[PDB]
Structure formats: structure tokens, C-alpha cells
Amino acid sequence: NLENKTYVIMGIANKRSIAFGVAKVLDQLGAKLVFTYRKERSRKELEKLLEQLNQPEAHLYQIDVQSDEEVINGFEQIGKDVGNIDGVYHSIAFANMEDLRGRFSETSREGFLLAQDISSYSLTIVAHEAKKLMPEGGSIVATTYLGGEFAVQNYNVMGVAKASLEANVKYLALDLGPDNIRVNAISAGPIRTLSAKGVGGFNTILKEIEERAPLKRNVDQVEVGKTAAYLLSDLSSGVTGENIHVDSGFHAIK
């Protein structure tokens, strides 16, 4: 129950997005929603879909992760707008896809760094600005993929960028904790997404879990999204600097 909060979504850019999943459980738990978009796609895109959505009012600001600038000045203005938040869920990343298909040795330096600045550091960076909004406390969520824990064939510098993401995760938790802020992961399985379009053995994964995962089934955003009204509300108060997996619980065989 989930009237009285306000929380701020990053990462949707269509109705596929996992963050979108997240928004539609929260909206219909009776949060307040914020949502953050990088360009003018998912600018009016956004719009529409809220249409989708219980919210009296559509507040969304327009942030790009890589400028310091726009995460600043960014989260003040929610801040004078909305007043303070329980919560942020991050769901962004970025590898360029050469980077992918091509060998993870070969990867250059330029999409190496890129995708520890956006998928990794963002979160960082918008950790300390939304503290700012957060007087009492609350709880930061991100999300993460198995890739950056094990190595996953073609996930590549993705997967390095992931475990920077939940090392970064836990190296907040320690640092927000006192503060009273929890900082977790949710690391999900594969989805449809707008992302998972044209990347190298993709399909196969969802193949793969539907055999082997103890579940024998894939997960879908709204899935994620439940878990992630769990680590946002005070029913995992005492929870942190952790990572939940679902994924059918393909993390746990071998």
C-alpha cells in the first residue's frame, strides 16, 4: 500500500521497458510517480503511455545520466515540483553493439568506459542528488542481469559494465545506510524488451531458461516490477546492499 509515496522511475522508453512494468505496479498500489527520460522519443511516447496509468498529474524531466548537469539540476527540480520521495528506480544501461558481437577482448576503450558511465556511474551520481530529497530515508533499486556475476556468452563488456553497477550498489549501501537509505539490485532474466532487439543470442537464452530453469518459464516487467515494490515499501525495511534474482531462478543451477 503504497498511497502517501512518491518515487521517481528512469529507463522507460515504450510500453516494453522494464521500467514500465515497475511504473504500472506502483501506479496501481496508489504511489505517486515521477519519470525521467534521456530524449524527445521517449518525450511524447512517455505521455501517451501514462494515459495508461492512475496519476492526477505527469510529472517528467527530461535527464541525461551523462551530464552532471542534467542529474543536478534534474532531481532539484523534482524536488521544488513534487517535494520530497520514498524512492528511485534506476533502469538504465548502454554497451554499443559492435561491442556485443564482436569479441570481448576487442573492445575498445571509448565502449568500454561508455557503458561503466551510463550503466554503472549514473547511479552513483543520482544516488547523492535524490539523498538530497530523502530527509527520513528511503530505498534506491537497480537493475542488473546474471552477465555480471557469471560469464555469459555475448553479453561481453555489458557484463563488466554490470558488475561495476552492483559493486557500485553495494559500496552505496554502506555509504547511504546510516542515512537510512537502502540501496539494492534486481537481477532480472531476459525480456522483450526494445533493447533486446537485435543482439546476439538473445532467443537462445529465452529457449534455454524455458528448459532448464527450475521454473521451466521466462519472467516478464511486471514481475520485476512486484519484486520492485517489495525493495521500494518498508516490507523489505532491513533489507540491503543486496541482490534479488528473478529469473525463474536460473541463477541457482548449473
The other form holds:
There are 4 protein chains.
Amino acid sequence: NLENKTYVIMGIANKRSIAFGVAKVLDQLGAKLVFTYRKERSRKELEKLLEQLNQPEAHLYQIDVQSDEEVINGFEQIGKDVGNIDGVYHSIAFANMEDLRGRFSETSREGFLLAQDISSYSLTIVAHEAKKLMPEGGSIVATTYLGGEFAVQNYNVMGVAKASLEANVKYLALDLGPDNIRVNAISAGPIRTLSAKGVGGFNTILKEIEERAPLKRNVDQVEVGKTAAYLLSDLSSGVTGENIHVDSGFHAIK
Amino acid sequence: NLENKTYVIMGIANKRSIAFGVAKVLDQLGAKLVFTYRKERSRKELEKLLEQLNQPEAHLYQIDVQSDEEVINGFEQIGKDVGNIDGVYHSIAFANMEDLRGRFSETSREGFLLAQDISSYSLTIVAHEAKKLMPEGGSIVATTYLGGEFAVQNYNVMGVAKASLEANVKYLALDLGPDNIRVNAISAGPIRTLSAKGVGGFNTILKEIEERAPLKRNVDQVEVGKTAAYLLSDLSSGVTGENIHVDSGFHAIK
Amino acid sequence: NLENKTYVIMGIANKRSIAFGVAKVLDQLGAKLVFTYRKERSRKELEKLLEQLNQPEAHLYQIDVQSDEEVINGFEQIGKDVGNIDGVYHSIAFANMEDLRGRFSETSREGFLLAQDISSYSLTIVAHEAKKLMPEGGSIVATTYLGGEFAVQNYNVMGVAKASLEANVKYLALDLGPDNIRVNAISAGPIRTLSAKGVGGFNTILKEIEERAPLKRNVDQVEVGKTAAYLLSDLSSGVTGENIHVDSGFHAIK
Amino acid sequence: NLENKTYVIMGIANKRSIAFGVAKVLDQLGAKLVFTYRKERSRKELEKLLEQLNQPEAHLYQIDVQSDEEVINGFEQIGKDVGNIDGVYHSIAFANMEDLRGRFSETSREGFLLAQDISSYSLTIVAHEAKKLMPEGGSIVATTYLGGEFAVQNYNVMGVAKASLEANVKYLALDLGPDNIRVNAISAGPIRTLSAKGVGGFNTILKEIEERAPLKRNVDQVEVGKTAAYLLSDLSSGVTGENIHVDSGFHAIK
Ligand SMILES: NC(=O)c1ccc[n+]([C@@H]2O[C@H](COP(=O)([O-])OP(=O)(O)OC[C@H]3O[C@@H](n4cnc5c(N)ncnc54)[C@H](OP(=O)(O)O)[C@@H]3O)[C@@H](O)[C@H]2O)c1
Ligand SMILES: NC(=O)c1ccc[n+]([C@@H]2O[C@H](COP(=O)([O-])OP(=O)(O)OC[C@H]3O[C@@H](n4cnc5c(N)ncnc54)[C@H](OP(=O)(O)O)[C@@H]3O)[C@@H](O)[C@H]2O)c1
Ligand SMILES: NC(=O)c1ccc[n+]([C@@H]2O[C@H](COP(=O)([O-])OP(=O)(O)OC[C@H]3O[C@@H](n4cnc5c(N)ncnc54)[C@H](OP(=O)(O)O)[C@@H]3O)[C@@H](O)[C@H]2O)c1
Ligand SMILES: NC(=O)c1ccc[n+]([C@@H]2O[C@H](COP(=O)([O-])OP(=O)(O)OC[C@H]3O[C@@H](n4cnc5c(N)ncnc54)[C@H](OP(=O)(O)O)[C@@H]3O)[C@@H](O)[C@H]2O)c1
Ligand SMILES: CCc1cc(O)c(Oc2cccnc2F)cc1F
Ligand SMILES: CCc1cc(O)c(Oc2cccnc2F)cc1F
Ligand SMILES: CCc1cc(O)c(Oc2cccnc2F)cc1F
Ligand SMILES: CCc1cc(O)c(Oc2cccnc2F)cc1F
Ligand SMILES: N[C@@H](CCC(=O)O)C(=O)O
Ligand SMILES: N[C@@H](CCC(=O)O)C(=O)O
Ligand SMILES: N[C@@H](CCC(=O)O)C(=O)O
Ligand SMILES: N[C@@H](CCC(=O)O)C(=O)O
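Show the other one: the form solved in complex with ligand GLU, since we just had the form solved without ligand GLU.
So here's everything in the complex, that chain up top.
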């Protein structure tokens, strides 16, 4: 039960976004939700998707996590509009498409740093600004993939950006733990989303889960959202620096 | 919300048992609970502890997990008495004082195999018997410690037993996943219980957690119970073969 | 260069044994070698295989690692025959055939404990006895598989015994470190040997390595042997409690 | 024996550099060595240091790894001057001093990306250029630290850069494995070097190893160099995407 909680959900682009499965679950559990987006198209999609939620007010903020001032001012505006928050769900990554197929060793410096900036560093600065709204403690969760732990074909520069994110989670957990802020990751199995369309071989990744993972099926956004509700709530009070795989068991097999 | 769910909880000895933390949480959430014990003194404690619970009926079965027949007959009786179950919490381990409190390289064969048998093999046979009561699926959770992942001073034979149990969890997850049974572990931080008396230097282990773990505090049995509630319920659909550290973040630091 | 070093190699059965790859390499580097075996037939193979090696004398001892007396008396006799040794290569495991295929949840208690006894505990008692012949320090290496780290189809009871071995390696490393004895594992990739005939689906495991592993080829016993020379020698003096995968990179991908 | 092998060693600053331990070992084993340095100081210094080696000639190239041109042109020139190479030792990392103490959550975007660029991406572009000089295969080794696997006090931005670097090794292993180029890391224990002075609390880190690591002592640059010789030679054929801890066993304990 999350009535009287407030969470900031970063990274809804459309009805297939992982962050939207999180939103549906939290919403259904009674939470107040604030949404951040980059592209105008994503705000338009949030406005339509909010008609499916039970949020009596639209709280939408444009935050491009490449910009310190947009992250700083965005959270400062959120604090002014809704007061203190209980957590942040971070569902944000980016890499140029030519870096999500072919040969990893041909990755450009600009593409490698782009992916690090948006997919990893953004959690650091978000945590720094979000903590200002969590004087009593809180919970920050980011979304990762098994390609941060193992080399997977095609995931290439984003695998190295997820390894960076997963370490970023541990270091933030150590730093913010004395402030009663927990920081954790969910390592989601493959899910058809707008960003999946850029990963080479994505359909064969999905098929392999169905054939080989312990549950012999793929997961969906709402399953990620249910684990998010656990990590964002008091149920997980003793848990920080942790990476929970929501992937039908695929992480545990070879 | 666990109304209309039934769970078997194995390994309450007294009010400090981790499994009683689990019981309290599941009870508060509306579950029907069934309890298994070894020593007659454990049954007496269970009888006194059930007064604190909302359980309208006492469902108590003696199962020494060294005996196949006791596990077989105990789960069969549980089925005839309460019907199908939704999961099992396994909170059982044992090792001799004499092997524990000597150099690891001095561990006796008998003591090594005793600790495997009770602390690891018991999950396998329990899973096999409990699956007969879970025709539509279920969840099985066992309780481990960071000593199964790293060599910790003094934990000695029980660290090898915990590594065995953590691998047992992954193999059971692979085997039983197509039956929609999930199998997971909770890696609890140190907690003062009857069995902790067995571990040398236990007080300095507690003190290290306070000084060094991200949350700068120790965890308690109810925190283990809240993560158990997540693992045993539909909130962790899609999570199997996982090991969730309820340990203030200690696993993530060095 | 291992002239003036002496190593005990445990677990040659025939010319395909992983331990015979280790023997050839160590022999080619000038080490003096002592061999232990269980079955008469293995002693006969060792007698034949020694004609290929540069050892000027056969040091052969029957040690069934299920027997404490055989391990104690065998190492005692080794020390009386060749003096102090520089390390031990352990290449011993066993499980009953029915436990290397089908459903893990059906594993018998006696089969689970049998595999633990031979494949894990044996290392502990061997280290205890071998330490008496290494008063200046030494190196002990055991042979594991990725199935001890992940659930692998069919490997079943041996995967849990290997997770146990791997923890045994870390706990021995911690215990024996102050005596200047290093203890490490090599995680070998699949290799056609007599014991491979017990693993269901073995040929499929081999084909997956050629298709998926970074080197796109399988490894052989001599490559294990070369990593064994590294771990048994001063070249690895800083390295203990480690598990080195000699598996064409397969451990690193998913 | 590395006679008739040529290795490029990147990252000698002075007599305490880890890469100078590597050079000593490879030089002694008969390898021809080429050296790269960033700033002038490291030149002058290199010129002097190399009188301690048996290199008949001084092959020194200025390469600042922030510059694509310098990496591309530097490897090109090494190929013209010396011909094909057998491997590359990468011993290069950098972060701003302020980012190696205090609160990780305060790290600037500029500081985080600088550490990623120099300490992780540099391996990718180095590997791409160096491949051109390894048409029959070779071996690339980078130097990492346990702070890339766990959150360590103070190490902060560099911990996230080393996590990135360790994933970089695996993705390069997968990519370059079919060209018979292996890529691996050495995770060195703490060692007093010029870069160590920047790391907050370094002396406390060192003391902890002596007190708690299995070998109860610290490691040195030459021990890193001996494991580098293993990784760079045919002894480690079959080993790729691996991270070998030369740290007195500290990684294996908690
Ligand atoms: N789909 C999967 O199988 C899978 C599996 C594991 C993990 N993940 C992770 O889950 C997360 C969500 O991805 P998704 O699959 O749900 O795809 P998605 O719907 O495309 O979500 C990606 C989000 O990233 C945002 N974003 C990119 N750059 C940004 C920037 N500079 N500033 C602020 N927002 C930015 C996008 O916003 P705009 O569209 O407004 O630009 C979009 O809302 C990502 O971290 C992804 O790596 C996905
Ligand atoms: N305390 C901690 O710091 C800690 C941390 C991580 C993990 N754990 C784990 O948590 C679990 C519970 O331990 P605890 O600390 O709660 O100690 P506990 O209160 O002493 O519970 C241990 C239980 O194991 C049972 N048991 C032992 N052998 C048995 C057998 N042959 N058949 C049936 N039951 C048997 C005992 O039953 P009887 O008394 O009836 O014999 C007792 O109920 C164990 O797996 C333990 O390793 C403990
Ligand atoms: N082949 C692979 O793909 C692979 C991969 C990774 C790891 N491994 C491991 O490598 C090691 C060697 O196996 P292998 O593949 O080389 O097969 P192998 O040639 O069949 O060697 C197995 C050895 O185990 C010995 N052994 C079994 N029980 C024993 C006992 N009670 N006491 C003394 N020795 C006993 C056997 O001796 P007797 O025949 O005399 O009984 C035999 O010499 C094992 O630990 C295995 O798990 C194998
Ligand atoms: N010492 C330790 O305890 C320890 C432990 C684990 C891992 N490591 C790692 O070992 C490696 C070597 O460090 P070290 O401790 O040997 O210290 P070091 O002697 O200071 O070596 C660091 C080297 O990095 C070079 N470097 C920095 N930025 C560069 C750039 N942009 N282009 C080219 N070179 C650049 C420096 O060259 P200039 O001096 O010319 O600036 C210096 O030679 C690093 O990867 C470090 O993280 C060190
Ligand atoms: C293979 C599974 C997967 C993982 C992801 O991280 C993912 O999301 C991204 C992948 C690449 C770039 N930006 C993203 F958001 C999509 C995906 F489909
Ligand atoms: C150090 C933390 C800890 C872990 C345990 O597994 C634990 O439980 C046991 C420890 C040893 C033997 N039987 C047990 F049940 C107690 C403990 F105190
Ligand atoms: C699949 C790879 C593999 C691993 C082994 O541990 C192995 O060796 C055994 C496998 C099962 C039982 N005893 C053994 F010695 C054979 C093998 F082929
Ligand atoms: C704590 C151990 C350690 C690790 C390092 O990576 C290290 O080297 C650097 C540390 C930080 C920045 N640049 C470096 F080269 C020094 C160090 F002393
Ligand atoms: N190479 C295709 C992969 C097709 C698939 O999803 O399997 C792509 O670039 O998406
Ligand atoms: N070895 C002591 C432990 C002392 C402590 O708790 O620190 C014991 O017998 O329990
Ligand atoms: N020689 C193979 C025969 C494979 C087959 O034809 O069954 C064996 O050892 O089983
Ligand atoms: N079921 C066969 C598998 C055939 C193979 O792939 O080796 C076995 O038991 O060996």
C-alpha cells in the first residue's frame, strides 16, 4: 500500500515503456506519481496514458538528463509542486543505433561517452538532486540488463554502459545509505519496447528466453513494475546495492 | 495480500528464529500458516508463539529433514490436512560445534556431510515433496548467508554448505520452473538467534555491519520476513533462481 | 621452469583424463610427479602413460578419497618416498549416472552426499594431509566446471557438488594462506573424457562452445595443463582463492 | 619464454608503475618491448628506467589516449618501426583528485566522463588499432581493481570506470576472439604508486590487506608482471574475458 507516497518516474515514451508498467503498478497501489520526459512526443504520450491511471493531477516535467540545469531545475520544481518524495524510478538509456550491432571494437569515443552520459551518469546526478527531496530517506531504482554482467551479442556499447550503471548503483548505495536512501537495480529480461527496436537480433534474444529460461516464457513491463513496488516500498527496507533479475530465471542458467 | 494463500514454514525454534519473522509478516498479511519442527522443545515454543499470531488453528508437524520418510509423510499429511499450498519457507541448517570451532582444513568428513545433508540436500527433497501440493505453481524460499559466496572467518563448513544450498536453489529453479514453481534464496545479514551462538566471533560480525554496511545498521528477522512475503507472493512473478541480500547492503561493499 | 619441484597429481584414469594433460605439461617443464589412482585399471593406464613422460621413476599410490585412512597413509607414504612436495593437482569427482540427466528435484540423498564426499570434501582432507609435506608453502589446484556457478541442463547433482568445491577452495585459501599455501580452481570447458560420458547432452554442450564462445572452439586437456603450470608455480604467487576459466571465454558471455 | 615476442606496454610513469613491473618480467623472459607514455616527464623517466632492462633499443611513443589521432598514428608507427606484435599491456587510468575522496553522489559530469574516457574507452580504441598489428592473433591485458566489482570507500568515480573497463574486456573478448585475440584483466591489490597517492584512504586500504587477506601480505608490481606474462603468453591459451585477481586472495573473502 503506497497511499501517501510520491514517486518520480523517469523515462516513459509510450504504452510499451518499462516505466509505464511501473507507473500502472504504483498507481494501482495508491501512490502519487510525477513523470519526467525528454521529447515532446513523450509528453503527448504521457498525457494520453494518464487517462488510464487514477492520478487526479498531471505532474509532467521535461528533463533531458544530458543537461545539469534541467535535472537540477526539474527536481527543484518537482519539490515546489509536490513537496518531498519517497523515491525515483530511473528508466532511461540511449545509444546510437550503429553501436547496438556489428563489432564492439569499432565503437566511436563520442558514441561510447554518449551512452555512459545518458545511461549511467544520469543516475548519479538524479540521485544527488532527488536526495534533496528525501530528507527522511527514500528509494531509487534503475533498470538494467544482463548485458551489463556478461557480453551479449549486439548489445555492445550499452553492455558497457549497464556495467557502469550497476557499479553506479553500488557506489550510490554506499554513499546515500547513511541518509536512509536505498539504491537498487532491476535487471529486466527482454521486452518489446521502442528502444528494443534498436538492439540487433532482439527477436532471437526473446526466443532464447522462451526456450531456455527456467520459466520458459518472457516477462512483461508489469512484472518489472511489481518488483519496482517492492524495491520502492518498505517491503525491501533491508535491501540496498542489490540487482534483482526479473527475467524468468535466465540470469541463473548457462 | 495473502488471504486464501497457505504456506509451510520450516525451522522455527523460538521467538528469535528468522522463520518467526517470516511467520509474523505472512500472518499479518492474512496467510494460513503450517509449521514444521524437529525438537519437541521447538513445538512447545511454536505453541506459545501461535498465541501472538492470527492463526485460528495450529498446524504443527514434526519433520526432521535427515529422514526421507519424515519429509514424505509430513508433506503428505499436510496435503490431507490443509489441501494444496502456495509455497514453502526453508529456514533450516545445522553444523557441529566441533567442526565449526576448528580450522576449516580440519573439518571431519562426517561433519561436512552432516552440514550438507541438513542445510542443502533438505531443500531438494522438500521441493520434491512440496511440489505435489502445488499443481498450479508456487514459490519456495531458502535462507542463506554471504559466507556461501565468500570465505568468512569462522563460518567454515557452513559456508561450503551455503554455497551448495545456493547452487541447489538455481538447479531447482531450472528444474521446477516449467511447473511454475519459483525457487529463490534470501541472504540474510547476521541476526542474534540460537544458531548464531554456533558461529565464532559473531559479535564482531554484527559490529562490522554497523560500521561498514551502506545502511550502517543491522537487519532483523521481520525485514527478512518482508522480503520473504515479496518472494512468496505474485509480486515476484518473473523472479526465480535469485538470491536477494537483506543485509543493509553489506554484500555490495569491500 | 619446474625442475626440483615435485607435484602430486590425483585423478588420471586414462590418456583423455584432464589430469594427464596436466601431467604432460608439468613433466615437459621438468617437475618430478607422483600419481594417485583409485581403480586397478587406472594404475595400469598410468603404467602405460608414464612411457610417454620423462619421469625416470614411477611414483604411484592408490588413494580412494572416500577413505580417510587411504588419504592419510597415502600422503604419509608419499612424504617418506619423495620428501616435501610443492603442490597437488586434484582432478577427482564422481556421481551416479542417473544424477547427470533428467530432473534434479529427484536426486537421492545418498547420491547427493556421494557426489559431495568424492567431489568436494576430498579436497579438504587432501589439503590437510598434503600441508604436512609443504612446510615452506605450496599450491593446490582443483578442477571445476561452470555448472558450479550456473544451473546447466543435465549436470544436476554435480553442479551442486562443484559449487561446494568452489567454496571449499575459497575457505581453504583463507585457512592455509598464512601457511603460504595457495588454493585455486581451474574451471575447464567441456572436454571428451571418460567422465563426460555421464553428462546427458554432452555433445550439445561441446557444439554450443564452438558456436557461441569468444574463441569459437573447444579447449583441450593440455590447455588446462598450461594454466595448471601457472597456478602451481611461482608465476601465480599473488593469486589464491581464484577460479580461472579455461573455457574459450564461454563463462563471460550470455 | 618470450623470445621473438613483441609487446606494447602502455602506462609507465616511473619506477613504481605497475607497468614497469610488467616490463621487468617480460624483459627478463626475453620479449622485445615497445613503450607508450603520455607526457614528457614520463619520457625522460622512461629513457632512464630502460637502462635497467636488456632492451637493445628504446622504442618509445607518445600516446595520449584521449586523442584518436595519437592512438591511431602511434600504433601505425609502431607497426612500421617494429612490425607485428603479440600483445598489449594497458596500464592507464585517470580521474580528477576531488573525485577520489568524499561523496560519490557529488561527482561532476565532466569528472565522470573523463574517467570513463581515459580508463575504459581507451582500451576499446587501443584494441581496434593494435588488432591491425596482430593478424595471427595476440593477447591484450588491462589493469583493474576490486573497486570495479564492489563499492570501496573513496575510489568512487574510478570504481564506476573500472566496472566499465571490466565489461569492456568481456565485450572485446567476444568481438576479437574469432581473430584469435584474447582480452583479459588483472585485478591488482593495492600497490604504492604515483596514482595511488590520489586515492583517498590508500594507507588504510593497504593495511586491511595485510590484516585480512588470505596471504596476510600485500602484492607488488612484479607479481602483477608475472601474471601478465601468463596472460600475454601461450600458457593462457583458451583463457579470455577473464579477470585474474593478484591481490593476496582478498577478493575471495568478506
Ligand atoms: N526493453 C528491454 O528489453 C530492456 C531490458 C532491460 C533493461 N531495459 C532498460 O529499460 C529502460 C527503459 O527502456 P525501455 O525498453 O522502456 O524503452 P523506451 O520506452 O524507449 O524508454 C527509454 C526512455 O529513455 C529516455 N531517454 C533517452 N535519452 C534521454 C535523455 N537524454 N534524457 C531523458 N530521457 C532520455 C526516452 O525518453 P524520450 O523518448 O523522451 O527521448 C525514453 O522514455 C532503459 O534503461 C533500458 O536500457 C530495457
Ligand atoms: N542468524 C543469522 O545471522 C543467519 C544469517 C543468515 C542465514 N541464517 C540461516 O537462517 C536459517 C535459520 O537459522 P536461525 O538463525 O533462525 O537459527 P534458529 O532459530 O536456530 O533456527 C534453526 C532451525 O533449524 C532447524 N533444524 C536444524 N536441523 C534440523 C533438522 N535435521 N530437521 C529439521 N529442522 C532442523 C532447527 O530446528 P530444531 O531446533 O527443532 O532442531 C531450528 O528450527 C538457517 O538456514 C541459517 O543458516 C541465519
Ligand atoms: N571432462 C570435462 O569436460 C570436465 C570439465 C570441467 C571439469 N571436469 C572435472 O575434471 C576432473 C577430472 O575428470 P575428467 O573429465 O578428467 O574425467 P576422468 O578421466 O574420468 O577422471 C576422473 C577421475 O576421478 C577419479 N575418482 C573418482 N572417484 C574417486 C575416488 N573415490 N577416489 C579417487 N579418485 C576418484 C577417477 O579415478 P578411477 O577411474 O580410478 O576411479 C578418475 O581418475 C573432475 O573433477 C571433473 O568434474 C571435467
Ligand atoms: N597502484 C594500484 O594499487 C592499482 C591497483 C589496481 C589497479 N591499478 C591500475 O593500474 C594502472 C596503472 O596505475 P599505477 O598505479 O601503475 O600508477 P601510475 O604509475 O601512475 O600509472 C598510471 C599511468 O596512466 C597514464 N595515463 C593517465 N592518463 C593518460 C592518458 N590520457 N593517456 C596516456 N596515459 C595516461 C599515466 O601517464 P602520465 O603519468 O604521463 O600522466 C601513468 O603512466 C591503472 O589502470 C590503475 O587504475 C592500480
Ligand atoms: C536486449 C534487451 C534490451 C535491453 C535494453 O537496455 C534496452 O534498452 C536500450 C537498449 C539500447 C539503447 N537504449 C535502450 F534504452 C532494450 C532491450 F531490448
Ligand atoms: C554469521 C551469520 C549466521 C549465518 C548462519 O547460517 C547462521 O545459522 C547457522 C550457523 C551455523 C549452523 N547452523 C545455522 F543455522 C547463524 C548466523 F549467525
Ligand atoms: C559438462 C562438462 C563436464 C564437467 C565435469 O565435471 C565432468 O566430470 C564429471 C562429471 C560428472 C561426474 N563426474 C565427473 F568427473 C565431465 C564433463 F564433461
Ligand atoms: C586503491 C587501489 C588503487 C587502484 C587504482 O586504480 C589506482 O590507480 C588509479 C586510481 C585512481 C585514478 N587513476 C589511477 F591510475 C591506484 C590505487 F591505489
Ligand atoms: N539483424 C536484425 C535482427 C532481426 C531480429 O530481431 O532477429 C536487426 O538488425 O534487427
Ligand atoms: N569465539 C567467540 C566469539 C567472541 C565474539 O563474539 O566476538 C565465541 O566463542 O563465540
Ligand atoms: N564411441 C562413442 C559412440 C557414439 C555412438 O555412436 O553412440 C561412445 O563412446 O559412445
Ligand atoms: N540424450 C543423449 C544426448 C546426445 C548428445 O547430445 O550427446 C545422452 O544421454 O547423451
